[PDB]
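Only one chain comes next, encoded as structure tokens, the form solved without the named molecule.
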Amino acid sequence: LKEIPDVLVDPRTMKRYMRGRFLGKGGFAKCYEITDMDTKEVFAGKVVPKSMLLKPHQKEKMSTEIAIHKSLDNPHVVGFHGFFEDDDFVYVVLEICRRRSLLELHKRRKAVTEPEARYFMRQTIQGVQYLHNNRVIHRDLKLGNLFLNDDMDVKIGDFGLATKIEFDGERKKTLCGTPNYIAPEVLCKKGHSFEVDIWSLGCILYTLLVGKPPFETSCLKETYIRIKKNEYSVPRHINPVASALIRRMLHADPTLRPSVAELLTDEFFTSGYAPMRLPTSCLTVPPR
């Protein structure tokens, strides 16, 4: 095909990026640990081949994603540090996250401790609040999108399904893609806004504490019925305070779901132990 250059350069910034070790792939893009040959600063180079963006429809979807991500600057969102292209590839320079995502933690750990849940959710909700304040809906929040760095800080990434609302009471109807945890109002095409991110956070909190997704089934058609009917059960083993929060976040009526600001101040975060830091050991074992 076309070998990805060992040195990644752009006509604009004129910086030379040394392509390094493989980090993983996503859909059609391959990710490499890239280093600035001048400053010695380390970044994550996302490489998308132009053969994947032949259609002008596909060129737009990425142009929307890049624009949104560019305007973002937050300690709980993956940092955007420029993008460029040659005649073969489009290179997006992102903030490096060496500890994969919360999904890899979930598969390895299953049900995490409650204090861990608090920590992960707090940092994630803080990132979601900033997005909502800047009128950005993620629409595709999942454990695989909650990246982690050497410090075990949560950083929200992948804005491939993110949309920015323009006016006051705008309720979107077009979602060009298949997100993991989707709100019922999206499945019914009834229209959606900010509160689809809250629904997703409900699923995330459920999955962290229980050890399995709230609507997990081998059949895809069966999963959507469960969501539509609002069919889920939080086991009795879960903290009453936590289960209460999950039920409100996963409410069928979008206007009865808590707002982002309401989440931080909920009993769940203020009642029990909430550590400010986590050791990298939490990737494999519970904290002792």
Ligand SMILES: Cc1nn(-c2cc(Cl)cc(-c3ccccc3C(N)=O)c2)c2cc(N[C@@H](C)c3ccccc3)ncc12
Given for the second form:
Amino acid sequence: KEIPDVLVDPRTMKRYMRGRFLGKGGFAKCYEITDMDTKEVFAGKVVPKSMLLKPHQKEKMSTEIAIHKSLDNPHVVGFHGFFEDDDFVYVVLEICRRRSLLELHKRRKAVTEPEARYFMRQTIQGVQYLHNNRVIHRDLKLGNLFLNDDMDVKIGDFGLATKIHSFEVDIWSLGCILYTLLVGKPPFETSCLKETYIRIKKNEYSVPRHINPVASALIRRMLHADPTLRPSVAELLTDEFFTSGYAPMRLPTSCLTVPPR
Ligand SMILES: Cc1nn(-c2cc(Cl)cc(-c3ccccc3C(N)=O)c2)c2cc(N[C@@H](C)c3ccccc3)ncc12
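Return the structure block for the form deposited with the named molecule bound; the form solved without the named molecule was the one displayed.
Let's see the whole complex now, leading with the same chain.
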């Protein structure tokens, strides 16, 4: 079943030209779509109705949309309206051309300390907006932290997001991200999936002695066994880690392959 070259919706009555392929997410396929009247570029999520044959699966997508649609923040991926034809459900989203923070990680390994400050700050500022509007992401990872042409972090993928465990699970996820950025490897990384959960439950990680004592102190608190003893989003911004060392306000595109100079 072919995805149409031109994507039109009954509501806005706008035409979207399906351009270059971008990737796939389980059952969804992403394409770079262009508004045929305004020439504005968007990331279009295309999901076939055969993937949502069961009404239960149709719930999770409508819940994700309801949460994402209400969101408006310079650090959250912009929602720009969803629609459907009989074959596919289309979600028009903000385009992030420099991929996610995952592709940067795999290419870079351990990033420099000032970079981590920039990336965490912008991510945490986005997480703050979510938590203020009573939204828990619940699945924060490097792949969800998208990057545009200005290297700005934009949080996306709200497939497990909820609106009101609570807020402190997002703090935990951010602790893993800060670890991975600074160390170069995930804190609970193992080839076996079953092992990873035992690693998480027993809280089995060890920050290598090479990491900044101030940075390791923040990571430990973010990954603390007691969820109530984890720092709040507001407390994260003001931590020594951000205030002590150099923190750039802009990063070059070179950071995708090489350390800044
Ligand atoms: C919003 C939104 N969602 N996606 C999106 C949508 C689906 Cl269905 C799949 C994937 C995806 C494909 C392969 C690996 C990983 C992923 C993933 N991050 O889940 C990504 C976007 C993609 C882009 N830019 C392109 C250049 C890009 C391609 C690959 C990775 C990152 C960015 N910009 C905004 C969005």
